[PDB]
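Colleague: If you want the building blocks of each chain, they are given just below.
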Amino acid sequence: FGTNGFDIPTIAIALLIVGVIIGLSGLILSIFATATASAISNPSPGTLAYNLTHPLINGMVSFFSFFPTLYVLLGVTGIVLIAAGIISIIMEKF
Amino acid sequence: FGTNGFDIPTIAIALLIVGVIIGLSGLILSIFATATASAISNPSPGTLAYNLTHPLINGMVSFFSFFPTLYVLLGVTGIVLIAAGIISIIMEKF
Amino acid sequence: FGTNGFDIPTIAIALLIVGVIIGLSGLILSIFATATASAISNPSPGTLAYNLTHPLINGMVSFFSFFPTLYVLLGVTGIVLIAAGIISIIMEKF
Amino acid sequence: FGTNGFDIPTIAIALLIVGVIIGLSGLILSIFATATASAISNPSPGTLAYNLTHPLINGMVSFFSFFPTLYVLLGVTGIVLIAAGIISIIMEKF
Amino acid sequence: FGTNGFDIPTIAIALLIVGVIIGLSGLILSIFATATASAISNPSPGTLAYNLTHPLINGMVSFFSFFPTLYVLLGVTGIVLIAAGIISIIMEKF
Amino acid sequence: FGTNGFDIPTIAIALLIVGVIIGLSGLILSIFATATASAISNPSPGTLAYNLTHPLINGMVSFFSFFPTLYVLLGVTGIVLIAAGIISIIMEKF
Amino acid sequence: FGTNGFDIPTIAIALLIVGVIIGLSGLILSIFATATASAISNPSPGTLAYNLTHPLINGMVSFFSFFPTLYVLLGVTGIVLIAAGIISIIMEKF
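As given, the protein sequences belong to chains A, B, C, D, E, F and G, one line each in that order. Residue numbering for the first sequence follows the entry's author numbering, beginning at 3 and increasing consecutively. Residue numbering for the second sequence follows the entry's author numbering, beginning at 3 and increasing consecutively. Residue numbering for the third sequence follows the entry's author numbering, beginning at 3 and increasing consecutively. Residue numbering for the fourth sequence follows the entry's author numbering, beginning at 3 and increasing consecutively. Residue numbering for the fifth sequence follows the entry's author numbering, beginning at 3 and increasing consecutively. Residue numbering for the sixth sequence follows the entry's author numbering, beginning at 3 and increasing consecutively. Residue numbering for the seventh sequence follows the entry's author numbering, beginning at 3 and increasing consecutively.
Hints are computed from structural coordinates only; laboratory data are not their basis. Careful: at least some of the hints might be erroneous.
[As the list claims (entries may be wrong)] DEER-style ranges, computed between Cβ atoms:
#, chain 1, residue 1, chain 2, residue 2, range
1, B, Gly-48, F, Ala-86, 27 to 37 Å
2, G, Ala-35, C, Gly-21, 45 to 55 Å
3, D, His-56, F, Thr-79, 51 to 61 Å
4, C, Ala-85, G, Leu-18, 42 to 52 Å
5, B, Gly-48, F, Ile-23, 32 to 42 Å
6, F, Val-74, D, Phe-66, 25 to 35 Å
7, D, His-56, C, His-56, 43 to 53 Å
8, A, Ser-43, C, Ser-32, 55 to 65 Å
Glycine residues also receive a C-beta, built at the ideal position from the N, C-alpha and C atoms.
Looking at chain A on its own, in the form it has when it is part of the complex:
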């Protein structure tokens, strides 16, 4: 059901796969982050360990705040792909 490489069943299967992969990734990351939060403690506001550890958790927070826009762009990509498929069908179907 297509013309050259655009196959609606294949597209549906790809959507299935990407959705399940993203769900698994989110699950694993949340489960691991809970363990991270449990492991690290709060020594004191101004002692040696605070200076030793604070920037690391800052970097953690920053990177995890960068994740959302990555996911948004990844989602955007599929609309472009489907649109290109539709245009390719229309071009030489007539």
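Go by the hints and put chains B, C, D, E, F and G onto chain A.
Modeller: Using the frame of chain A, we list chains B, C, D, E, F and G on its own:
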């Protein structure tokens, strides 16, 4: 029952296949998302784990909100295909 | 009973085949959709699982609402085919 | 049924083809425009996204408002063609 | 249905193609611009980041304000093409 | 749909591409500039580091203030291109 | 009584076999689950053994709640098989 590659039984079978695939995909995604919702907890509004986990669920929500328009375009594609078939029949049947 | 490829018995057989295929497809889709409806539950209006699952059922609804016009065009195609056959007969029968 | 290239059956078939093509085009455009209208939202009257998006929908509206006169001229062309055919018949039929 | 290269079905197909392409482009641009608006924040009116970022969004706004007249001229082009076709038909049809 | 190299679908695709590229560029620049603003600190008004660092941020500000007119001219270029296309069509279509 | 591999007696025998197997499986599972329920006790709501044992019975409950949809799909499969057989008969019986 066609002229070159347009076969009404084949079209009906293709519609059958795509419908069943989409149904299965929705079923699997809902079943898995229920497990995801059960697994992840809500630690606190402002502790370390919240900073660690919130953007991930934000990305989840965004991608899953992107799904609907993907499905809509996928549905639109079939009308174009059937229309191209009709035009191709009319062109050289007379 | 024809001139080149237009055979009334063949046309009747083709109509038989397409009708039975469409009936089977509708039967299977309804039976499977009942199972889909039974499987998925309604967690809550505003919790995590709702955000996780709602757009999927929205896409389900949209695609299944797209089906009717597909069926209508598929039905329209046969009138065109029979008309082309009649014209082809008339052209060189005299 | 003609003299050189003017064939009344051919003209009727051409009218059939153009009518069906225009109908299909209008159908597809309306169906797709409904999806476009559903997809785009209204963020706010004066925020960043409004400045980012408004001229695009303005261009959409303008082009789609240009369509009608295109269709009108396309319709006008057929009268000219049929008239030229009639004149050509009259010129050397006598 | 034409004389040399002017084909009414071809013109209708071209109109179909351009309309669908413009719709897709507007859709993609709006969807992406929403993500852009979400990503960039408003640091402060007078700090370093404001000086660093403001002219960029100014250029964004300017270019997107330039789009409308581009679309208008693109729409105008088709009337010229159809008119040239009509004149070419009239010139040597008689 | 053109005469030699002027193709309305190609023009629309080019507009799509340039718009998306400009959006991506603005996004990346804003995201990076936020990091720049976060990284550099304000030592003091008159110490060694101030003399060492101030002209650099001055140059940053100047260049980023130069960007807007660059974008404006880049936008202007497209109107010229489309106009040249229209004139070229008109010249030898008649 | 068939054409290639579709044999109505064979289908009836297969239905017999699957029905009896499913009945036996349900019987054995219920009989064993009764023994499981008898064996495990309820120590206390909050002591060590409760923490040690509760998630296991939770997993038991979850998996056994997953069984029903598995059975439903297994039942659905037979309608598809019989339908494919009917279509295959019709295709080349005429």
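Colleague: If a hint holds in the structure, say so; if it does not, say that too.
Modeller: Taking the hints in turn, this is what the structure says about them:
Taking the beta carbon of each, B:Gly-48 and F:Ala-86 are about 60 Å apart, not inside 27 to 37 Å as hinted. For the hinted restraint 45 to 55 Å between G:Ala-35 and C:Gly-21, the CB-CB distance of approximately 48 Å keeps it satisfied. Against the hinted window of 51 to 61 Å, the Cβ-Cβ separation of D:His-56 and F:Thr-79 comes to about 22 Å, which falls outside the hint. For the pair C:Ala-85 and G:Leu-18, the supplied restraint of 42 to 52 Å holds, since their beta-carbon distance comes to about 51 Å.
Roughly 39 Å separates the CB atoms of B:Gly-48 and F:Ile-23, a value that falls within the hinted 32 to 42 Å. Taken as a hint, the range 25 to 35 Å holds for the pair F:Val-74 and D:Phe-66, whose Cβ atoms sit roughly 28 Å apart. With their beta carbons about 29 Å apart, D:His-56 and C:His-56 fall outside the hinted range of 43 to 53 Å. Checked against the hint of 55 to 65 Å, the pair A:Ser-43 and C:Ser-32 passes, with Cβ atoms roughly 58 Å apart.
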